[PDB]
Amino acid sequence: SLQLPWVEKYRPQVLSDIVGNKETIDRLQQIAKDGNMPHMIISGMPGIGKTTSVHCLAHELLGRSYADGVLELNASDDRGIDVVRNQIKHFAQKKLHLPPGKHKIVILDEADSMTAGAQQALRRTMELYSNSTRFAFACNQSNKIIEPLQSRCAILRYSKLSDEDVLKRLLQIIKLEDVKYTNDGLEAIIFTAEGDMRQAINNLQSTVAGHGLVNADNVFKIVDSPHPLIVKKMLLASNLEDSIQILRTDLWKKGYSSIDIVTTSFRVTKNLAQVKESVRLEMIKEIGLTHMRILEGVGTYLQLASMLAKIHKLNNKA
Amino acid sequence: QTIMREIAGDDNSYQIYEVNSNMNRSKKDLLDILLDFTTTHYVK
Amino acid sequence: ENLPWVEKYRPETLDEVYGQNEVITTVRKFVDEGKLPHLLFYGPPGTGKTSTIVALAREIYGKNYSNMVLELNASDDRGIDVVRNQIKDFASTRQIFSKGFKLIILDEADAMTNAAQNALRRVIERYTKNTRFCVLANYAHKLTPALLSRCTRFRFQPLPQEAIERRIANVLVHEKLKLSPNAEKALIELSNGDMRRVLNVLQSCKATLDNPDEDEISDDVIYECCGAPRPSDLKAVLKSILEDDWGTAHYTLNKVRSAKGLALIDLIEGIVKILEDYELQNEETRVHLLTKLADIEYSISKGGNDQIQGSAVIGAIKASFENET
Amino acid sequence: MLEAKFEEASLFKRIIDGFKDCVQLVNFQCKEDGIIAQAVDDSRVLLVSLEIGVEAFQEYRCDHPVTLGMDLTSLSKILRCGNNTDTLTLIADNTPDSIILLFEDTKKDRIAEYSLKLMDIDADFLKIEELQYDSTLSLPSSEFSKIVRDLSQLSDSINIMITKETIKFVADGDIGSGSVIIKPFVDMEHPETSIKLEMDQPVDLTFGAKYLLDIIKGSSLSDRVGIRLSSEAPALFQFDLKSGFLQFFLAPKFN
Amino acid sequence: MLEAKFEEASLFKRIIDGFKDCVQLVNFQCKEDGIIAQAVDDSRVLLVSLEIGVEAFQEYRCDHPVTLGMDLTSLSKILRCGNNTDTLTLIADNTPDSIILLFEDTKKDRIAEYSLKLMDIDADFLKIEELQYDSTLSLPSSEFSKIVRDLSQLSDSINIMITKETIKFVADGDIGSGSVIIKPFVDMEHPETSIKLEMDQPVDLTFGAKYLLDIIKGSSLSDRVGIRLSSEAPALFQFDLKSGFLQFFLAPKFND
Ligand SMILES: Nc1ncnc2c1ncn2[C@@H]1O[C@H](COP(=O)(O)OP(=O)(O)OP(O)(O)=S)[C@@H](O)[C@H]1O
Ligand SMILES: Nc1ncnc2c1ncn2[C@@H]1O[C@H](COP(=O)(O)OP(=O)(O)OP(O)(O)=S)[C@@H](O)[C@H]1O
Ligand SMILES: [Mg+2]
Ligand SMILES: [Mg+2]
Numbered sequence: 006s007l008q009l010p011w012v013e014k015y016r017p018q019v020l021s022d023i024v025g026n027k028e029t030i031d032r033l034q035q036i037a038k039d040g041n042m043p044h045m046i047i048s049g050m051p052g053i054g055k056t057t058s059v060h061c062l063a064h065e066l067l068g069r070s071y072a073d074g075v076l077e078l079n080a081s082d083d084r085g086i087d088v089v090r091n092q093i094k095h096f097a098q099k100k101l102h103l104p105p106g107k108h109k110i111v112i113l114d115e116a117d118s119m120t121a122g123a124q125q126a127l128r129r130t131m132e133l134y135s136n137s138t139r140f141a142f143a144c145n146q147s148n149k150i151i152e153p154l155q156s157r158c159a160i161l162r163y164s165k166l167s168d169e170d171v172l173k174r175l176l177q178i179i180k181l182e183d184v185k186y187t188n189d190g191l192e193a194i195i196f197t198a199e200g201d202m203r204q205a206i207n208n209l210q211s212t213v214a215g216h217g218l219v220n221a222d223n224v225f226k227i228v229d230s231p232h233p234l235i236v237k238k239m240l241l242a243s244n245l246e247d248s249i250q251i252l253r254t255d256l257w258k259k260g261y262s263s264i265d266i267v268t269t270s271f272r273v274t275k276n277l278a279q280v281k282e283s284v285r286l287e288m289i290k291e292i293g294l295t296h297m298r299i300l301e302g303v304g305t306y307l308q309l310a311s312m313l314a315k316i317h318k319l320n321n322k323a
Numbered sequence: 348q349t350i351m352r353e354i355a356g357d358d359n360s361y362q363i364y365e366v367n368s369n370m371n372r373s374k375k376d377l378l379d380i381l382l383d384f385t386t387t388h389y390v391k
Numbered sequence: 011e012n013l014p015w016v017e018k019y020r021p022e023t024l025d026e027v028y029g030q031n032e033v034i035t036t037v038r039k040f041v042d043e044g045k046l047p048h049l050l051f052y053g054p055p056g057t058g059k060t061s062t063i064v065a066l067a068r069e070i071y072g073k074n075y076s077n078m079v080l081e082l083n084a085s086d087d088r089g090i091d092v093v094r095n096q097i098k099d100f101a102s103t104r105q106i107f108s109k110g111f112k113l114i115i116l117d118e119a120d121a122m123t124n125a126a127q128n129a130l131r132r133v134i135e136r137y138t139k140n141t142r143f144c145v146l147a148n149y150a151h152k153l154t155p156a157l158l159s160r161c162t163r164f165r166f167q168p169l170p171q172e173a174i175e176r177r178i179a180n181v182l183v184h185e186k187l188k189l190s191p192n193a194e195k196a197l198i199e200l201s202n203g204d205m206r207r208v209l210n211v212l213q214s215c216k217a218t219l220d221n222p223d224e225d226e227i228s229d230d231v232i233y234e235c236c237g238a239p240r241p242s243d244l245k246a247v248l249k250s251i252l253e254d255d256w257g258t259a260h261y262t263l264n265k266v267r268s269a270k271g272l273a274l275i276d277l278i279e280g281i282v283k284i285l286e287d288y289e290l291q292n293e294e295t296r297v298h299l300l301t302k303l304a305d306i307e308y309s310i311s312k313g314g315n316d317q318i319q320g321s322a323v324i325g326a327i328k329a330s331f332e333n334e335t
Numbered sequence: 001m002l003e004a005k006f007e008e009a010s011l012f013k014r015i016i017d018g019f020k021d022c023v024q025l026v027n028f029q030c031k032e033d034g035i036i037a038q039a040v041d042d043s044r045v046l047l048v049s050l051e052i053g054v055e056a057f058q059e060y061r062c063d064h065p066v067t068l069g070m071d072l073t074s075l076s077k078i079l080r081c082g083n084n085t086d087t088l089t090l091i092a093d094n095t096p097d098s099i100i101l102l103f104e105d106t107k108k109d110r111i112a113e114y115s116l117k118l119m120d121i122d123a124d125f126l127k128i129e130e131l132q133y134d135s136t137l138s139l140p141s142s143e144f145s146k147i148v149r150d151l152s153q154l155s156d157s158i159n160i161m162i163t164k165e166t167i168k169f170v171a172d173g174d175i176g177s178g179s180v181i182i183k184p185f186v187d188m189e190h191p192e193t194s195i196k197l198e199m200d201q202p203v204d205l206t207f208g209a210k211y212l213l214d215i216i217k218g219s220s221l222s223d224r225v226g227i228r229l230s231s232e233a234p235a236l237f238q239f240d241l242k243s244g245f246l247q248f249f250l251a252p253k254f255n
Numbered sequence: 001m002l003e004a005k006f007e008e009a010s011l012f013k014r015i016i017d018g019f020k021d022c023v024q025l026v027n028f029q030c031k032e033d034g035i036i037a038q039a040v041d042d043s044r045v046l047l048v049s050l051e052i053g054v055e056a057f058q059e060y061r062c063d064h065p066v067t068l069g070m071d072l073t074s075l076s077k078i079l080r081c082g083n084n085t086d087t088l089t090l091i092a093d094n095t096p097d098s099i100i101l102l103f104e105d106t107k108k109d110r111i112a113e114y115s116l117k118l119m120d121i122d123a124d125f126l127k128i129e130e131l132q133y134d135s136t137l138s139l140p141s142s143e144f145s146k147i148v149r150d151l152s153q154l155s156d157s158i159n160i161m162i163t164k165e166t167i168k169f170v171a172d173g174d175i176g177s178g179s180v181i182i183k184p185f186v187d188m189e190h191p192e193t194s195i196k197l198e199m200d201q202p203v204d205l206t207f208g209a210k211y212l213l214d215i216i217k218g219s220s221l222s223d224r225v226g227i228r229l230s231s232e233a234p235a236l237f238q239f240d241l242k243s244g245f246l247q248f249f250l251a252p253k254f255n256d
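If you read the protein sequences in the order shown, they are chains B, A, C, H and G. Note that the authors' numbering has the first sequence beginning at 6, numbered continuously upward. Note that the authors' numbering has the second sequence beginning at 348, numbered continuously upward. Note that the authors' numbering has the third sequence beginning at 11, numbered continuously upward. Note that the authors' numbering has the fourth sequence beginning at 1, numbered continuously upward. Note that the authors' numbering has the fifth sequence beginning at 1, numbered continuously upward.
Source of the hints: derived by calculation from the structure; they are not laboratory data. From the three backbone atoms N, C-alpha and C, an ideal C-beta is built for every residue, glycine too. Hints may be right or wrong, so weigh each one.
Below 30 Å or equal to it, Euclidean Cα-Cα: the simulated DSSO-like pairs (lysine-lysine) are [claimed, not checked]:
| hint | chain 1 | residue 1 | chain 2 | residue 2 |
| --- | --- | --- | --- | --- |
| 1 | C | 328 | B | 322 |
| 2 | H | 253 | A | 375 |
| 3 | G | 13 | G | 107 |
| 4 | B | 94 | H | 210 |
| 5 | C | 328 | B | 14 |
| 6 | H | 77 | B | 94 |
| 7 | B | 180 | C | 328 |
Here are some of the chain C residues that sit facing chain G, going by a computed Cβ distance under 8 Å [as the list claims (entries may be wrong)]:
| hint | residue |
| --- | --- |
| 8 | 31 |
| 9 | 92 |
| 10 | 94 |
| 11 | 95 |
| 12 | 96 |
| 13 | 99 |
| 14 | 103 |
| 15 | 109 |
A short list of chain A residues far from chain B (calculated; beta carbon distances all over 12 Å) [to be verified]:
| hint | residue |
| --- | --- |
| 16 | 355 |
| 17 | 359 |
| 18 | 365 |
| 19 | 366 |
| 20 | 367 |
| 21 | 370 |
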């Protein structure tokens, strides 16, 4: 059949389990405890726990009335002008008896995909029925929501999860799941996560399912991305012929497109520490020039070879 | 609304019919309603 | 019969999918175990993603495959509306079926828009219990992280020569064809991990033959059927730049480009590839050559006059390789 | 808790049908003596006041007063789900969010319960005070219904002229004019078809044709219609019921 | 190879009225023992099967099996022209290209002949697998039609629960809910309105409103409808006939 993914099997059902953004999570906990939930637009990068936060807040706020007091509208559901003018308005006008302070919650998840006219129609709906219902948006980009909607909500900008919180929750999951872990493997999981917590959990699950013990090499086998050590050796080699051979064999012939190679090189160089800050920024400038040339349309092998040549000049000389 | 409150002296006295964007502001949906509201007296 | 060799030599089972072996082994483990999560087969075109999913779908779903599998293509004239309509209608119907896990094969999902990808992620999340998706793409940098996190990514690498040559041997004996070793090597090095290109070039070479029974296919036949620079032409241009006069080098470059219909970008790339095989006494030679040729290629892409660009190529090569001497 | 049992399920259906077209949102305020309904028009012009007595129900408990705000479209839809022989039962809990309509039967075969979700409506108590209406005319409902039904096609505004104990319906247009005049009289053979008048002062008022056509949709609960017109007060079109009344409060136009 | 003669003409009109909304193309299979037909809609949710035996034929001659495709819209349009006095006669030649609809009276010489072009969709899939059902129940077609058109107004999904010695229909929607429970009884005046239920295992599964309205339009064919219910299996709604039956195979919905 199927096994429940650790992304879903270990999803926080309470607001306290959610790590990262401690101030916002604590204030949301206080709101859920007391009540009078304001209109909010929770925004940020993918995978930091926005939708989970909204659902946990709604659950804690309502309780047994969650089924008849929360209306969720994702992108799969229709959110046109007709939907806003009929379904949301009738839900707001619905008479549900809730404990004092609690209010009905209209969770409009992925509000950045909603049309502008629907957002305009939602403004009067939330302004009129705010004494019975409260709206909660969740968008990846906060600029796609119109200013009239943003002037009636408390914008929440969730930040990228730091290495400490991801490491803490990963240690929790590894401890309740009896997973053999190594420091290098966990560090690789954090590095490949890049703040995407869902990615970290998925990578841990894949590594455990495939290669058992979580070593760094095992983690770098299920990421289908250029190996950071291979890219670092390519960039930091003192012989240009070796760097060219590495780029030709381990990256170009293996099917890694120019965008992935440039992204991995940029990430490695940004994480590099033995070189000076000025050298770091100049190599980053060369990588940016190569990425620009790729975006224009010139993403051939010769551009990456010239990038390696410039980085070699910068490292060996100066 | 505040001007209405000051003019009438009471919240219940003034009757402001707000035509917001959350409804269909088309001729065949609101012309008769608005004409009847602005033509006769409110029941009070 | 009168069909292209692409469809005729399709892998009808998972045992005929050569080259990609990790993906096939993982997929066979998936079907034997019964755990079939949402799949994302991505990589260079012609690697065998559609072949893999079609073979697996047939192997699992026997005869009911026609009704239990819906094969989509987002590039068609549907858009987010009709695409979503079809997916929800296929996933929520729960038709009279022998078992379950209706499979939806969405081809060309890198052309799907951001809102469409988020909607597809939501639909995948809602109907996971009865419908399994195997979204297909060619580039992973055109897919949103929302869709990337709801599917088990399986990168496809360009097929290794050991495989391409095995399929060469398989097709050749069945179609009664003869490939000379130089011609076979040229085709293998020209496909660049593209089995579809191999089949198309082979069929064109069959049609080219005056007597397609016992006439061996030569190297020149493939290099002119595919439309690629011959190694001899690029080598002649390179040696003319390296050891001849400026006027003779210009004459050779212009003559080769005009006679073979070769653009300057292909000439630069082939010259770089050939010079990679050769060793240089100095390193500044390689650095300057690579940098100058990349700049020339970038300027060629934007536009200009081709005579000055060709002269710049010749001068850059000459200066770089006089640095080593 | 509310437990109101109708003798016939068609009674409440007819009562709802009497005003289901003019108004959409209605407050069903319920108290010990019975059910009192009050819905104002969406144009804020005409007010529908309905009162149902205790003697209209086979059983009626109403332990504590409760307000049942309901949408008339969905309520009419759920009401149309039954037969005349059914015994409709109105069931509502304490502080209800939904109203239960239990459709029983004389013999217990199809006991079908239907639930209707309530709506949040601002209740506005607008009972009239002691008013001395200058005119009080009562005629059979079928008569008035026929006159306005055939005479609203001539003009959008209807004038019911009353002077010297004479009823006259006026609606003037460019294509033509339509006037129907009936005099008060008492008939012993059928007193229900008689015309009565208790006029005090002359009044000549004009109201909309569409709203009178909406009013006469209530000409299915009573044989007669009670009209009380005042020169400086809204009109009162009352349909006397066996236990209460369905009175329409038509408002005058701007002078 | 068909000499189909019907004693009554309007019965076939109700037969095609039952077919009308569910599907638009049926390839009829005429055999020596009668006429059979099976089709599935485009969404693969509703399967319609028709069985007509020789008992509903004044005279029948179908010595060789014939595949008959015929548009039901055109047949309905032309069959609306059939009077209550005329009788239907279906005649098909060898490898038919146009089916002939014939009407003959008894007291007056009035002949009505019509021609209908066939289809060649090349689809004759006939699959039947379920021969057992956990719950078998029968009720008047008018009653079931009343219940479904009663509950389709509130929601697009109607549940048919079979709890111990009771039948329960549940439909929960946006404007409210609705629960119509009925208990079996034996009307001693006539079994035409009696409700009969066979109970082996509890049954709980939901269907679609539009599909159910598609089945219940076959209530013109017969005054009684037989409902066969079983978990994780296609439901069956038959309309009994003198020579055969018209039953519908319907796909339930997944709730999770
Ligand atoms: N801070 C966190 N603590 C614990 N689990 C987390 C945290 N952030 C994410 N997760 C987990 O990772 C997944 C994130 O799910 P969502 O919150 O729905 O993602 P998202 O933040 O809404 O971003 P999207 O879906 O790309 S718009 C869930 O399975 C969570 O259990
Ligand atoms: N690994 C393989 N083993 C055998 N045949 C292959 C393999 N990869 C590709 N082919 C053949 O090459 C062609 C590729 O067909 P497809 O799999 O449909 O293309 P694709 O790999 O899905 O990439 P596209 O361009 O996005 S459709 C077919 O004729 C296959 O028979
Ligand atoms: Mg989300
Ligand atoms: Mg394909």
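Hints versus structure:
Only pairs whose Cα atoms come within 30 Å are accepted, and residue 328 of chain C paired with residue 322 of chain B is accepted, the gap being roughly 24 Å. The hinted pair formed by residue 253 of chain H and residue 375 of chain A meets the criterion: a straight-line CA distance of about 22 Å does not exceed 30 Å. A distance of roughly 23 Å separates the Cα atoms of residue 13 of chain G and residue 107 of chain G; the hinted pair therefore holds under the 30 Å criterion. A hinted pair counts as satisfied when its Cα atoms are at most 30 Å apart, and residue 94 of chain B with residue 210 of chain H qualifies at roughly 29 Å.
Simply put, residue 328 of chain C and residue 14 of chain B have alpha-carbon atoms about 64 Å apart, too far for the 30 Å limit, and the pair is violated. For the hint pairing residue 77 of chain H with residue 94 of chain B, the CA-to-CA distance comes to about 20 Å; that is within 30 Å, so the pair holds. A hinted pair counts as satisfied when its Cα atoms are at most 30 Å apart, and residue 180 of chain B with residue 328 of chain C does not qualify at roughly 64 Å. Because the closest C-beta pair between residue 31 of chain C and chain G is about 36 Å apart, greater than 8 Å, the hint is violated.
Interface restraint check: residue 92 of chain C against chain G, minimum CB-CB distance 15 Å, threshold 8 Å, status violated. This hint is violated: residue 94 of chain C has a C-beta 16 Å from the nearest C-beta of chain G, more than the 8 Å allowed. Annotation: residue 95 of chain C was flagged as interfacial toward chain G, and the flag is violated, the nearest CB pair being 12 Å apart, outside 8 Å. Look at residue 96 of chain C: its Cβ only gets to about 11 Å from chain G, farther than 8 Å, so that hint breaks.
A distance limit of 8 Å between C-beta atoms decides the matter here; for residue 99 of chain C the minimum to chain G is near 7 Å, and the interface restraint holds. A cut of 8 Å between beta carbons decides the hint on residue 103 of chain C: the least distance to chain G is about 6 Å, and the hint holds. Given hint, residue 109 of chain C at the interface with chain G, is violated; its Cβ is 11 Å from that chain's nearest Cβ, farther than 8 Å. The Cβ of residue 355 of chain A sits about 21 Å from the closest Cβ of chain B, beyond the 12 Å cut-off, so the non-interface label holds.
Every CB of chain B lies more than 12 Å from the CB of residue 359 of chain A, the least distance being 18 Å, so the non-interface label holds. Residue placement check: residue 365 of chain A does not keep its beta carbon more than 12 Å from all beta carbons of chain B (closest about 8 Å). Residue-level check failed: residue 366 of chain A sits 10 Å from the nearest beta carbon of chain B, not beyond 12 Å. In this structure residue 367 of chain A is not separated from chain B by more than 12 Å, as the shortest Cβ-Cβ distance comes to only about 4 Å.
In this structure residue 370 of chain A is not separated from chain B by more than 12 Å, as the shortest Cβ-Cβ distance comes to only about 7 Å.
Hint check: violations occur at hints 5, 7, 8, 9, 10, 11, 12, 15, 18, 19, 20, 21; the rest are consistent with the structure.
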